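Enquirer: Chain A: place on chain B using the hints.
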Amino acid sequence: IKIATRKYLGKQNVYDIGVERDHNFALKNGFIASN
Amino acid sequence: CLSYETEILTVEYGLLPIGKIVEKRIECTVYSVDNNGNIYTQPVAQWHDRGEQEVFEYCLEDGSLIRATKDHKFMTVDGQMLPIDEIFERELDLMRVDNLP
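Going down the list, the protein sequences come from chains B and A.
With PDB author numbering, the residue at position 18 of the first sequence is 120, and numbering never jumps.
With PDB author numbering, the residue at position 37 of the second sequence is 37, and numbering never jumps.
Chain B on its own, in the form it takes in the complex:
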């Protein structure tokens, strides 16, 4: 799957969760996000 476009949003609250084994996890559509 390709990323078509990019746009700036300014600063906002962001977050991370942790995982101990393979440091990734799944999002809604099956995208695999780090951390």
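Keep in mind the hints are simulated off the structure, nothing from the lab.
Using N, Cα and C, we set each Cβ at its ideal position, and we do this for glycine too.
Do not rely on the hints blindly, as some may be mistaken.
As the list claims (entries may be wrong) - Which bits of chain A does chain B cover? Going by a derived footprint, with three or more residues having C-beta under 8 Å, they are:
1) 5-12
2) 52-64
3) 74-81
Said to hold, decoys possible - For each label pair, taking beta carbons as the anchor points, the in silico distance ranges come out as:
4) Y40(A) <-> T107(B): 30 to 38 Å
5) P101(A) <-> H125(B): 18 to 26 Å
6) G37(A) <-> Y110(B): 15 to 23 Å
Unchecked claim - Derived coverage of chain B by chain A (criterion: at least 3 residues anywhere in the stretch with Cβ under 8 Å from a Cβ of chain A; other residues may be distant):
7) 110-118
8) 121-131
Expert: Below, chain A alone, put in the same frame as chain B:
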């Protein structure tokens, strides 16, 4: 780092906004991908409110939006973890599981 509303797949509750997970310290189990592409499950072991940072909105081919910080690594089709901005700049393809649960 990811924006509040970005949804994470949980076994127990389904999709939850990472913001809600973090700010309520929600203990839950998520799905991860293997060194070799096997899906498995594991618990969230840490919770981070990172506060405010610079966020971009990356619109995907399928209509999906990811709102993150540039540096936030995602899995490519080749299995590498690369910052989403570099994935965007290099026109690389995101891995998408499709068969999570």
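Enquirer: 18 to 26 Å was suggested as the range; check whether the CB atoms of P101(A) and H125(B) agree with it.
Expert: At roughly 21 Å between Cβ atoms, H125(B) and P101(A) fall inside 18 to 26 Å, so the hint holds.
Enquirer: Could you see if the CB distance from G37(A) to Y110(B) stays within 15 to 23 Å?
Expert: Roughly 33 Å apart at Cβ, these two residues miss the hinted range, so it is violated.
Enquirer: Counting residues of the region 110-118 of chain B whose CB is closer than 8 Å to a CB in chain A, do you get three or more?
Expert: Holds: 9 residues of the region 110-118 of chain B have a Cβ under 8 Å from chain A.
Enquirer: Taking the beta carbons of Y40(A) and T107(B), is their distance inside 30 to 38 Å?
Expert: The hint (30 to 38 Å, Cβ to Cβ) holds, given that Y40(A) and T107(B) are roughly 33 Å apart.
Enquirer: Do at least three Cβ atoms from the region 74-81 of chain A come closer than 8 Å to Cβ atoms of chain B?
Expert: Since three or more residues must qualify, the claim that chain B covers the region 74-81 of chain A holds, with 3 doing so at under 8 Å.
Enquirer: Are there three or more residues in the region 52-64 of chain A whose C-beta lies closer than 8 Å to some C-beta of chain B?
Expert: Holds, because 12 residues of the region 52-64 of chain A bring their Cβ atoms closer than 8 Å to Cβ atoms of chain B.
Enquirer: Report holds or violated for chain B covering the region 5-12 of chain A, Cβ cut-off 8 Å, minimum 3 residues.
Expert: Coverage by chain B holds here, the residue count being 4 at a Cβ distance below 8 Å.
Enquirer: For the region 121-131 of chain B, do three or more residues have a beta carbon lying closer than 8 Å to a beta carbon of chain A?
Expert: Answer holds; 10 residues pass the 8 Å Cβ test.
Hint compliance for this structure: hint 6 is the single one not met.
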